[PDB]
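> Chain by chain, the residues run as shown.
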Amino acid sequence: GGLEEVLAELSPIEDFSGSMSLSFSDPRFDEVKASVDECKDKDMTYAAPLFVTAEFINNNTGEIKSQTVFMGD
Amino acid sequence: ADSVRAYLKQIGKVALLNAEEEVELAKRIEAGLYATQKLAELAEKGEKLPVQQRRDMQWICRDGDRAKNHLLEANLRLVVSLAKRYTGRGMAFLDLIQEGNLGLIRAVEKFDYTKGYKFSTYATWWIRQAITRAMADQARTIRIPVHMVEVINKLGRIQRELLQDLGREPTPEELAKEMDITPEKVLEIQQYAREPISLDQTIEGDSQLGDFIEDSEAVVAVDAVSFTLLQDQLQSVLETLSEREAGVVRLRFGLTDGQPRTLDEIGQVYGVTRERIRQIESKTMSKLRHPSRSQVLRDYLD
Amino acid sequence: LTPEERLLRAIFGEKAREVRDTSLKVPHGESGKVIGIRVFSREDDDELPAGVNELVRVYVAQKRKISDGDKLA
Amino acid sequence: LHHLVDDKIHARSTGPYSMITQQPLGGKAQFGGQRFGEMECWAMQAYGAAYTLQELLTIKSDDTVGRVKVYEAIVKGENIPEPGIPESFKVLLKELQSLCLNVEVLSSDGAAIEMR
Amino acid sequence: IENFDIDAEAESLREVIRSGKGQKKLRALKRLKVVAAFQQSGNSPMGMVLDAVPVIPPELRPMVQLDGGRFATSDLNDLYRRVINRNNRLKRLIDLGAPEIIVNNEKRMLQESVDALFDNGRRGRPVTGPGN
Amino acid sequence: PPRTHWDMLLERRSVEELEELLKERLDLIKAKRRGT
Amino acid sequence: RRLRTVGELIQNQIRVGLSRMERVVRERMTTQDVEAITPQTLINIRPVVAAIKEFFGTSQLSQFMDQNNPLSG
Amino acid sequence: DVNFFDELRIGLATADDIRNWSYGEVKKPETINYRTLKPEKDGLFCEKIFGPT
DNA sequence: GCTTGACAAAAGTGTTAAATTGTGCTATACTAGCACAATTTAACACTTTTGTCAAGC
Ligand SMILES: CC(=O)O[C@H]1[C@H](C)[C@H](O)[C@H](C)[C@@H](O)[C@@H]([C@H](C)OC(=O)C(C)(C)CC(=O)O)CC/C=C(/C)C(=O)Nc2cc(O)c3c4c(c(C)c(O)c3c2O)O[C@](C)(O/C=C/[C@H](O[C@H]2C[C@@H]3OCO[C@@H]3[C@@H](C)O2)[C@H]1C)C4=O
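Protein chains in written order, with the entry's author numbering: chain B, 75 to 147; chain W, 163 to 365, 368 to 466; chain X, 805 to 877; chain G, 1024 to 1139; chain Y, 265 to 396; chain C, 77 to 112; chain E, 367 to 439; chain A, 3 to 55.
Keep in mind that a hint or two might mislead.
[What the hints assert, rightly or not] Computed cross-link-like contacts, BS3-like style, restricted to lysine-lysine with a CA-CA straight-line distance of at most 27 Å:
id, chain 1, residue 1, chain 2, residue 2
1, W, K175, W, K272
2, W, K277, W, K189
3, A, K40, A, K50
4, X, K869, X, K829
5, A, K40, W, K347
6, C, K106, W, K171
7, B, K114, X, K867
8, A, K50, G, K1092
9, X, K837, G, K1031
10, X, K837, B, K114
11, B, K107, W, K210
12, X, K869, G, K1031
13, A, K50, Y, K355
14, C, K106, W, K200
15, X, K875, G, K1051
[As the list claims (entries may be wrong)] Non-contacting residues of chain B with respect to chain W, defined by C-beta distances greater than 12 Å in every case (computed):
id, residue
16, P86
17, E88
18, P101
19, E112
20, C113
21, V143
Please keep in mind that the hints were generated in silico from the structure rather than gathered at the bench. No residue lacks a Cβ here, since even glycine has one placed at the ideal position from N, Cα and C.
Taking the hints into account, I'd like the entire structure generated from these sequences.
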């Protein structure tokens, strides 16, 4: 996927030391906010929110921190 | 070749200091500063000093400034190190660098070696503050003050945090409660945060925006002429009124002088009680409303 | 206001109104009939840009008989 | 085709003017007037119609006082007045001053003249 | 320019053209054109360095709110803003007393702003706003 | 009435602290000229 | 000679928004306290959604659809 | 408004010429107040020097 | 044809409280937010001026 292709490029964001590495993966799309006829009515952009599944790992303490990130519409 | 490229060339010509070096410079800079103040107070109080002691006291004053400038030129790289992170937010890199140098100056002025802390530890606060304080003061063409620039950044901060908590951009009521302010306040803040645009910008093709702005106070030839024709019509009505009556109506509205006049001030010229002027005004106005006199000006209403 | 104007206000008894007229009029040469109207109001919980209270859009259509000077091809 | 007469016919006697320059602002959005460009001035100069050319560049567009007096003359039915100084020219003088160029309009006497 | 004898610089320039004819004569010939141009005129050549800069009237660099409440303004205002900002900061650095590197850096920046104000992009990087 | 370098120095050190500093600095130059 | 299609034209603008995010994530790591950071703390999306908005909003490639007749569209 | 003048001359503007022309020295990089929207004094649109609004 | 006193509305005026605005500051080492002073703006009690009415010379 084009989005997965650009996400494979950033993952992982590695520290200069490499102590902390943050990984992106698994793009998520939610159902559209409003219909095309409703967007042209209310002067809003036809869009669907985009969640991602990131992660931040600390090499020093070995902890794992997963989270859900909202990129935008 | 390039301006910034030239500045880094010269700041690098001074070797960075170590802790002991900083402390010594911080001592000489301080002794020279007190040696300077000491001599100034003496003249006011008298208190002449040994001719010789004064000599090497004045040299300590002179010697402190080399310590001051040597300390600045050594930590210039630190300013650039901090200024890089703020480029592209509406300020040129060099301006950020200079304002940072101002913070570095005060850091040297306020440094305390007795605390035993490394200089970069304390100078970083002043350079960071001097750069951001400067951005709020200058980065905007309309120049919002600092405290209002502070609440804008805080509001956008809140909207950002909340956006992740909510999954959508907030409504004015939510930001108002989250920031502990009124919904009409946050709306008023978002109007202040608007930034201007360039007239010299072009929009489709070869047409700059500037050519589309109307001149509002420009005289419109169709109305100014009718105004001249109108004031001639009024000049006719005045000849029909009594000489004292016509004189009163003008002064009350200052047609000839261009400035209104109150009744007591109209009483002095006519030497009559101001109430009488009010009475004469009432009788003359009703006569102006009389059918014959006002028929023409109805059409001149608009 | 103008000294000449303030008198006419006193004669014909029309109070000089406190506000300026900035109304939406039809452009020169344009004609037709009103099809529909869209209204977004601040009182009702409509979404508006900061500082904007009410929005009203008027849609005007017109029949165009083929006329002299029109371009055919 | 989408080119229609009703949309392409424009006529103007008087109307709004630009804020920086005092010329009529073009386009149908502003009831604008037609542009008398560089080539058109060449044609008028070729004809030798000095007054027609002066009229187009002084009292039809840029004379802040000239264009309003001619309207007063047409309504009163009087002769049309002598044109003034094009605002474009006065703006040009100021733009040269802003470049640290001292430009002085001079009469036969050699005395400077206040452009106001 | 203060220590400039503009007659002897001219005359010494005046004679060399006829004697040292060649590639160097052309250099002196062209150079004589500007030197003599100042000689005939009673106007000083000091004008090439400005102690003060004129500010164009506001009406020609307007700042007006197009409807919608939003504001538009000429680039000249931001260009004047750059110049006056760096001018005042320089005053501040002088009054404080500052290392020559800092003061000299400010003077170079000030000169560049006046250059950008007059002919932007003519010398090196042109000053840009939003959208480059 | 600005806030000058003197004010900032006096705020963090008493006159007795500055005086002792000046004495040290004075003895340094004193040793230089007097002692070879 | 190739043609960048719509999907890639979006992909390129997504890449730019993620790259300026990479810089902010990097600086955010340093001045932030270790163990006080989560995927949410390091990420401000302002560049990403601004890249999407700017492209659709400003880019030459995103064009007002010409709809006078269905053949034109 | 003569409209009939003979010569037009140009030359280097000395500091005194510039100094003379100006109706005042603009001292601040301020355009207009952000709330009142009125021109800021000593700024770029200062009525004190440039003229009334 | 005009004047007087009672009178309320409006416009100033000086004094005070609130808000707005500007400056200073942060101490591991690294090459935004708050406190405080200064200034401006509002609020207000209070005084003078101004427009107005009824009644009468
Ligand atoms: C706002 C907008 O959409 O304008 C669009 C454009 C006008 C509308 O799409 C319009 C509906 C148009 O599609 C139709 C229409 C019938 O044609 C016409 O309108 C005219 C009258 C011109 C021709 C005609 O009718 O005869 C159909 C045209 C049919 C054909 C075979 C054609 O010629 N096509 C065409 C025409 C173009 O000129 C350009 C063009 C361009 C690029 C990268 C293109 O690929 C263009 C293109 O393919 O680069 C330039 C320098 O500048 C870019 C300018 C604009 O781009 C925007 C992009 C952003 O949108 C909002 O902010 C940005 C704004 C500032 O610029 C252009 C792309 C530019 O001239």
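> Looking back at the numbered hints, which does the structure fail to meet, lowest number first?
6, 8, 11, 21
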